[PDB]
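Take a look at this one chain, the form solved without the partner chain, written out in structure tokens.
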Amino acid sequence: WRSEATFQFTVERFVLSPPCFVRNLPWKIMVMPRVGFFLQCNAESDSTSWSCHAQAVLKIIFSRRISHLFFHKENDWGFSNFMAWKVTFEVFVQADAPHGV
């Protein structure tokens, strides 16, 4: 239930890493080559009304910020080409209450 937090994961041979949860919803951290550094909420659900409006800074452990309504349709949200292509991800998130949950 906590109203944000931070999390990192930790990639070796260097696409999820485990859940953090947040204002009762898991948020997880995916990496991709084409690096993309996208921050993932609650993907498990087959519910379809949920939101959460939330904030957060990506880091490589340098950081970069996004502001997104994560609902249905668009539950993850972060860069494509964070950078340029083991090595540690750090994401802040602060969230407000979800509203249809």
Given for the second form:
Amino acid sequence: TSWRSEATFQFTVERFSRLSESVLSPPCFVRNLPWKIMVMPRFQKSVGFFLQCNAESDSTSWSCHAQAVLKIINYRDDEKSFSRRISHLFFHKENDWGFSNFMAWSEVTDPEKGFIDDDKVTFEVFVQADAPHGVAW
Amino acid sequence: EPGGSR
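Based on the form solved without the partner chain presented above, generate the structure block for the form solved in complex with the partner chain.
Full assembly next; the chain just shown is listed first.
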């Protein structure tokens, strides 16, 4: 259910080589909050990969601490998938967390590396979140 | 190190 304390979800970005603005994945509910993958080009140059939590809510009282593994799937060999871990207290003023320079853009879009296929790149997030505060009283 | 997107 949506009250699950953890989950793994993915978001495949299409026409990746042409990405110019930030893209957001549909929500994946964990601890009954909407979590989303955020991808954006940073400085061509590098891939911005962030995890966002409850960004739409106009509430300023919520907070949820979570740890997560951010991974860019390598379709040819999952052991080659690249991932970084994060730990962060999400709240309205810091509703997303990740790396502006998660991977070199030239590496991810290199057709010989196994991360891109038909100009599509798959991102994955494994998030483990504690019970939230200031949401369900 | 990690951080926010903005």
